[PDB]
Amino acid sequence: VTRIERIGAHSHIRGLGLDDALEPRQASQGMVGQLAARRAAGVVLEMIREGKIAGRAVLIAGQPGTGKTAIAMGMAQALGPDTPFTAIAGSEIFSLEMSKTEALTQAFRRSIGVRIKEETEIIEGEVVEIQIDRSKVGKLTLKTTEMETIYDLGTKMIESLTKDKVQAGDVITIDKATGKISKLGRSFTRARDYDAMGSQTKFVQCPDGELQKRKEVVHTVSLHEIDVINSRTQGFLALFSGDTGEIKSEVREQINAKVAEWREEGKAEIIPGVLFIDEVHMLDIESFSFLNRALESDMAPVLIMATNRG
Amino acid sequence: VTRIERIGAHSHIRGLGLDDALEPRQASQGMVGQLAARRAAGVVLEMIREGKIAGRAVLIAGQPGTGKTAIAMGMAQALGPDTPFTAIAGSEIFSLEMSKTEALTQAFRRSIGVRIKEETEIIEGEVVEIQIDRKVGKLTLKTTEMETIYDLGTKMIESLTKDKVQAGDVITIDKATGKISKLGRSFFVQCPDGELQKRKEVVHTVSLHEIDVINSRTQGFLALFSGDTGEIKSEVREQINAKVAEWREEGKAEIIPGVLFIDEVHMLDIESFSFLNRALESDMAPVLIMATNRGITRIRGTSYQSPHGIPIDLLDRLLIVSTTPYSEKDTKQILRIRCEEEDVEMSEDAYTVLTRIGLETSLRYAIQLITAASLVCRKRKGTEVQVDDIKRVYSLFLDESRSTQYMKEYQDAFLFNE
Amino acid sequence: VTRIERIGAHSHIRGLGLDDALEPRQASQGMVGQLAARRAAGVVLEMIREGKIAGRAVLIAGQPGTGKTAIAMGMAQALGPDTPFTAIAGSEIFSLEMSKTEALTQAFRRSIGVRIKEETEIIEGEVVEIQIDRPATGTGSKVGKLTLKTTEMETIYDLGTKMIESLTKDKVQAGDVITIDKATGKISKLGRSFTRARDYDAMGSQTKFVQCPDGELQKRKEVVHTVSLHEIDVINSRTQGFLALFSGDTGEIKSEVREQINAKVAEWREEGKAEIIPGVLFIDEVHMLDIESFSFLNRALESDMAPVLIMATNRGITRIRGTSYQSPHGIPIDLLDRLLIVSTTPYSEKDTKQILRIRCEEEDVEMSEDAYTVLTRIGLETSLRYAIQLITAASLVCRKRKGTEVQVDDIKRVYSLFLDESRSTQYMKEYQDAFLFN
Amino acid sequence: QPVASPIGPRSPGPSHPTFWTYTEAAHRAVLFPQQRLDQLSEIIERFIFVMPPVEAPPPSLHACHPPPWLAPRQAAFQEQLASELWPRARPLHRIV
Amino acid sequence: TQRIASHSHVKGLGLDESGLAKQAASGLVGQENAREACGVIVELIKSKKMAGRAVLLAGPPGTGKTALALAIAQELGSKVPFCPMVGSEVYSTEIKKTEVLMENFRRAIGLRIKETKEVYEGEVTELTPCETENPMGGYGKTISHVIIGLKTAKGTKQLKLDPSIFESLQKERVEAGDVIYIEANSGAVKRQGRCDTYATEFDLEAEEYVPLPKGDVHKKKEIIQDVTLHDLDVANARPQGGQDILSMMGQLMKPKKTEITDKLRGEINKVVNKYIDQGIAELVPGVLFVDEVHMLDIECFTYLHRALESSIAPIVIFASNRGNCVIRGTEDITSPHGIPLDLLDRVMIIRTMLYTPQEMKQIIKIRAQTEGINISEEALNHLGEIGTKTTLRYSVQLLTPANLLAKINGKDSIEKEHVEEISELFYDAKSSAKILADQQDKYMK
Amino acid sequence: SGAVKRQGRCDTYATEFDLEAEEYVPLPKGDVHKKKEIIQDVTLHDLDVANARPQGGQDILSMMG
Amino acid sequence: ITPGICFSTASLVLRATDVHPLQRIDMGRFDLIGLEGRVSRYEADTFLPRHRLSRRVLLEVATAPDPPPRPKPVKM
Amino acid sequence: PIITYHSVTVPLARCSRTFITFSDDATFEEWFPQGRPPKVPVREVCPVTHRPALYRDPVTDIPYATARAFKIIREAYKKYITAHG
Ligand SMILES: Nc1ncnc2c1ncn2[C@@H]1O[C@H](COP(=O)(O)OP(=O)(O)O)[C@@H](O)[C@H]1O
Ligand SMILES: Nc1ncnc2c1ncn2[C@@H]1O[C@H](COP(=O)(O)OP(=O)(O)O)[C@@H](O)[C@H]1O
Ligand SMILES: Nc1ncnc2c1ncn2[C@@H]1O[C@H](COP(=O)(O)OP(=O)(O)O)[C@@H](O)[C@H]1O
Ligand SMILES: Nc1ncnc2c1ncn2[C@@H]1O[C@H](COP(=O)(O)OP(=O)(O)O)[C@@H](O)[C@H]1O
Ligand SMILES: [Mg+2]
Ligand SMILES: [Mg+2]
Ligand SMILES: [Mg+2]
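Residue numbers (PDB author numbering), protein chains in the order written: chain C, 16 to 149, 156 to 331; chain G, 16 to 149, 157 to 209, 224 to 454; chain F, 16 to 453; chain V, 1930 to 2025; chain B, 12 to 456; chain L, 197 to 261; chain A, 917 to 992; chain H, 210 to 221, 259 to 331.
FYI, nobody ran anything at the bench for these hints, they're computed from the structure.
Beta carbons: idealized from backbone N, C-alpha and C, even for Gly.
One or more of the hints may lead you astray.
[Said to hold, decoys possible] Chain G regions said to be covered by chain V (calculated; three or more residues, Cβ under 8 Å):
| no. | segment |
| --- | --- |
| 1 | 54-64 |
| 2 | 193-202 |
[Said to hold, decoys possible] So the derived list for chain B, only partly shown, Cβ under 10 Å to chain C, looks like this:
| no. | residue |
| --- | --- |
| 3 | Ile15 |
| 4 | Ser19 |
| 5 | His20 |
| 6 | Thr77 |
| 7 | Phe213 |
| 8 | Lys267 |
| 9 | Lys268 |
| 10 | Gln380 |
| 11 | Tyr438 |
One chain only, chain C, in its complex shape:
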């Protein structure tokens, strides 16, 4: 069938076509010729993969049609999807919402990935009975296919259960540390043959195993995403709308410190990536001046650029 990804101008490029010695093959992984340029791209790719050195800039210069964007796409393909690769054009930093320097800062921080790893204990089961005496004290019964127990509830737990409208037959998980309750689904019985269903209801099987479970979540986020999350009260919405604005520098310093603390604690890992700016000659002198000192930070990715101007 026809998927959303179709034959484009660089669909034939799968990599840089190098061997273990970074010697370019004449025609490998969809690239032909450009032996010296491909070897240089491979050296830059090894530099990116090591991640030791920060703020290194490489400019791919040449005549139109000589394979600059081809080499950039080959570098992106050879680099894993784990390592961030932000590809922007020079014209995209001229925004009506944020300054050019803010656009460049956001592009820089989108290119550094942070892989988080959180382990959390949860209780998971199907609700059998909820009895509340009077909103003061109550009991909750949860069950699995191999287990069933009853719990004593407090004031805040009772309030949280009443707010979420948890009833019998609901399969829920409860975080032990925070007490937040999220509803996974409801079990199917003979009496629940609804003719019309709500937009959020869904029927799931009763969980098996033990009522207490450990939840491990590993995800890769960028520094810019953490900045947008912590910019305002519901900042995660700006990760969809893009109405981020200009994030305060103090917030960025706090987030850098917090990320360093997580990295020391073992709860996060840093994956520096690549920022590719295509047709950089569209950048203004102010943007170049900002780039001069933005690359000098310890949290600056590799800046690959490509121009065809004389």
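Position chains G, F, V, B, L, A and H with the ligands relative to chain C; hints supplied.
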């Protein structure tokens, strides 16, 4: 009593003054002379009223003070209030609220109307007794011919409670909505005469812009009064156009194409012109009328010279109507019409002198001098304007030529002379 | 300990240093020389203090480093905090939130103060005993009694419900010296006459006591409230105006609001409710204003609420911003006709030495006579500001080598270490190709 | 929630490191809008006088046969917003 | 911190106790005169008695201006505020350029607040009123103290408190077995949950059960908080935490920088002065570093005169590598560093010179040591020769590609062949310019 | 989805009061359960703008939004 | 105090954007922003892939008789 | 029934003292119940696996710490029902 509409520059224009063959009369409906331009405007008016061809554009071009805006206002008057006639200036499309293309899109869509007829039941009468008990209630209404007691429902009881209604008030109720508006008290408006409950046919002409703004967001109709429209999404506009086409096919509504008038079109820049070039190619485009007095002039936003400050690609889609300068006879007739409009009586010698002044300097200068001479005549307890009053106001108020001469006499005393 | 305000460029200027006849002393209140300009500034200051003529404009024009801003700061210090003095730069009127005319209007109206003086009844005394009886359960009427004491009086007050609530909120105890305003019921604690009981725990270190107030209990005191026209405009523009007074974000205030406020202030002035305190707006580097701002100034100085406007510029015949017209001082001739110009002459050798001596006294730096001579020669050759900076630089160099008095060797050392504009330009010419552009 | 501020978040107690990081002096140097209103009470009482010359209710949209669900939905939305926000608008009562 | 940046080797200015600059120390090589001047400037900053003083670092590109500013920052330490800034940052879509500059000025002035927080922790074991044998008024019972028993891991103490605390105890619903803390400076009781020793495995509460406090019942510590004037300004301009409709609007609406008024800044200054006089706070005036000052326009330069003339301003360090360039915002006005002569009259200019080949070799060796790269003597000499032509930045940027190439080739050191191959693979600015000139027809524009 | 729209009152009850502010609608003609298989075209921009801002939401921030 | 402006429009205009449910597809299958703050990674990644219902299980539960009544608690 | 809050100035040369007076003993008992310290619950243990208990089967009220323990408890309850009836 002084109302809002006082005597303006085109208050005397009541139409184009044409016969059944679109042959202009020498003086009719406030219009004097310019037979060719008025005939062309009448042909364009017939095209507008036919309503079949979309996006036809006509440019009225001529020297300053040659009746271009007079022709446009006469065209607007010859059309009734039924047909939309949006009149804007070129400067108005430059906005901080929306883009220029958005401003021109809103100007276009304001010029196409959708006429929808529906039937409603309207109850208009004088309140006799209102009873509400803990909900049930009764309401007794009377006209001069009949009286009735109604058993009220919950929603109408709530509506009558929200709007304080007491015995003796004359009110009208929209039955389907409960919209109660008190139009006075009777024991001040006379009580209605005929039947209490009447089925009425209400006709609304709603512009495409109005539909878009109403359906843009909840409580979105407020933007029709306070700007704040932003830039309406193209998806909403396409959906509204599709629904209007569906209505037209199903007979629920009729389309009434109108006229968009852009006075001083030369203030538009190249981007606006390029947008108009393709906006006129839609089937929902109105008739576009533009006026400019520019000769071969730089197009705003470019360094190019073009006949009217309009690029030639747009000019190729326009029909141009040229206005010619007025003669002595036409000038005298225009002055007579303006004097009749302003209720000013002049002698024939005063008219001759004023015609000579208008030919020597400008028609607008003479029209301006008419009121000044009338005031001077009223100052000296006179009743008819004489040549002496006209000379007095000629000396008091200068024209462009004499002002420029006096300024050149003392050019060093002025500021920033080139 | 160092306060937030430290030694700046004009920290030594305490006033214009004039006598009763507005004759400038040679060296007084930090000012040295500039006799004619200081006399003119004193005349302008008297005009400001009289506060009868609205919309007067004065331009202090001269070469760089001639003391234009020094004279402005001297005028500000001689006026005192009672009279408003709004000092802004010309660049500050270019704002993304408001128009240039709006910024100029706000600057003008920050320089006019509205003062409201009223007499209120005030109770100030030492709390002897406070008793509050409240219902154990449910809504009820609290009943209370308060005893207040001065050095010569002691009265027992029966308290109402709202005064009971106010006292409870303020947590008024025995021995607290409190002030009560009868009208508004506001209670302000101003100290403790003695300590609390020692047997209590978790109380913290007791602070110093306050002597009990003397005189009668219920006195009558004059309360003065002073705000500027801008503050009134901002708090009347919208409900959130009180927050806009601090966050900015005032937008453009409607002209209707300002007209109403002008009318109301005129009514208060006629009725004796409020007095208008006209001040000064000082625009430093006024040549950065564009033609539209100057045109607005032209007619904005014609209002009766306009303050005295003082401008400083060091431009000769220069292009007016926003135009292609060369004009004196970068200012259009129409505005230049509406203003009096105060010229500043360049400084001599003795004036330069006296300025250096005053600066050294301000910075607590001891310098030798030979060092003063060398520094004066450098200042005459290069500039006054360079010598002023070398004062502190040589002080630091002398302190580094464990010295007590700044010598000629220290001045030579800092002259070698730090360069002026001329020597920097020479060295840049020597390596012109190495620098980036031109 | 208070990221990068002199005001610290709500520390659970002295066991949390955030308890011993922030000072009360920094807290007392930041004024909430209610504190600002209490600070400007006399100024508000004496200097807030400007009234709009005209006052009108918002324009109302009338149709002969409207969708019977629009009005109840708008009424419910207004009721919920008023019930949630009117208690928070009481401090601005004197200004209004 | 673990990643190596361009100035990761700069650990300060290598100055002797007498102020003379060592040839190579603290990661810096050469630039002795500039280093001595920067040491004098560091002493000026530490003296804390001068405001608005400006220093311009002037020299050809790649001569250590940013390195010198960072060395000054290292010399001052983390206690002294150091606010880096590029000239392009004044162009913001939210506030005016003068507002950005003023905000950075207030960012550079720091304030250190020292306070002692005394608290009483423990699990409430006893709650007993101290009645009086003579009830006031004759009827009922009167109480003069409330004895609260607090139990911790290593002790138990009793506190005879004011009777008024009974209302706080009832409002907080404090009972026996609950963990509370009482603050001396406020006299308020806060219930931080119930003790965990009374919790069973069958309970489901999350934030109700807390561990028994460790340490002593009476805990007191000195809290040092470092803030800047800009922090207080921003916290007062757009306050967060209120429950009124305005705070809800602030949370809902997108945050936006605003033009803070002089009234709020004067209030902040008054509060800071009051704290300083009280002994609570100590002012820490720092440095504002404005790199690429030539990117400022004429409006910013004009505002900087008044900004520097203020008595609250920090010590500002500028840096410009421009020659007789045209000032931005002006039409054909040329000034020696892209800076109008009025602002040049207000600054002290520190000149940075070009590096001799030996100094370039030393800097390359230092950078190789910082990057964890072992380089042979012949390779180092070849790279220094490459640095004699081209620039120093090109030579210091060829080290890591050469190290990677050597590691791929299987060698633990960079040899000359690796440097030659890297030079062949990567071109410098001059060689690229020669290529572009030789083929100007085939390129674009 | 469970969405419910009350599209007026049945016209059989139109005479239950002599004056109510109600919209009376005819009884539907077909079956209670109506099934239709439809093919609707949407563009990627429609999904982008559909996911740019939240819809509904009983929270105070959503309502104020 | 002035009465408000009563703006009257055609009743058909207020239904312009309205589309019958039988004429529109469910847009909730592309709702990504609605899942934020409501759906967790556990539900999407670990739970649902394991505990999704099948047609066989649904049919078995529907066809099977009602479960026996839950026994009353006994203190043992 | 009232609660009287009283603050006096008494010699120590003077010190401040606060007193709270309850009109009736019922209010005093309500505000000061003098509750005894709570008791530490007994750490229950699973009868099947002797591990510390983590669950509590509602039907049998028997704490347990293993799924196998739950199955054994339910089997024992079924046998008890079969025997006793
Ligand atoms: N070495 C190469 N191998 C394969 N295809 C190439 C190579 N160089 C260029 N191309 C193709 O030529 C087209 C234009 O080259 P591209 O690199 O995208 O732009 P430019 O080089 O002009 O910046 C691309 O579609 C690319 O697939
Ligand atoms: N043919 C005419 N008949 C009557 N009045 C006219 C005629 N031509 C111009 N006028 C009047 O004289 C004045 C000239 O304005 P007008 O010619 O419309 O200026 P423009 O050339 O900018 O359109 C107007 O007030 C108009 O009412
Ligand atoms: N007449 C004077 N008396 C005392 N100090 C002066 C005098 N003139 C200038 N100064 C000092 O010299 C420094 C520079 O003068 P300034 O007023 O900034 O010059 P400009 O008029 O160019 O702004 C200031 O710190 C100022 O205090
Ligand atoms: N004297 C020096 N000693 C050691 N390293 C230096 C010296 N001068 C420059 N560098 C290094 O060489 C690089 C050149 O950048 P730099 O000279 O700071 O640029 P700029 O001249 O624009 O300030 C920097 O990374 C810096 O760390
Ligand atoms: Mg390309
Ligand atoms: Mg005209
Ligand atoms: Mg000055």
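These are the hints, each one checked on the structure:
no., hint, verdict
1, 54-64, "violated (count 0)"
2, 193-202, "holds (count 4)"
3, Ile15, "holds, 6 Å"
4, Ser19, "holds, 8 Å"
5, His20, "violated, 13 Å"
6, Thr77, "holds, 7 Å"
7, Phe213, "holds, 6 Å"
8, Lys267, "holds, 6 Å"
9, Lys268, "holds, 7 Å"
10, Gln380, "violated, 14 Å"
11, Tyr438, "holds, 8 Å"
Checked against the numbered hints listed earlier, the structure breaks hints 1, 5, 10; every other hint is satisfied.
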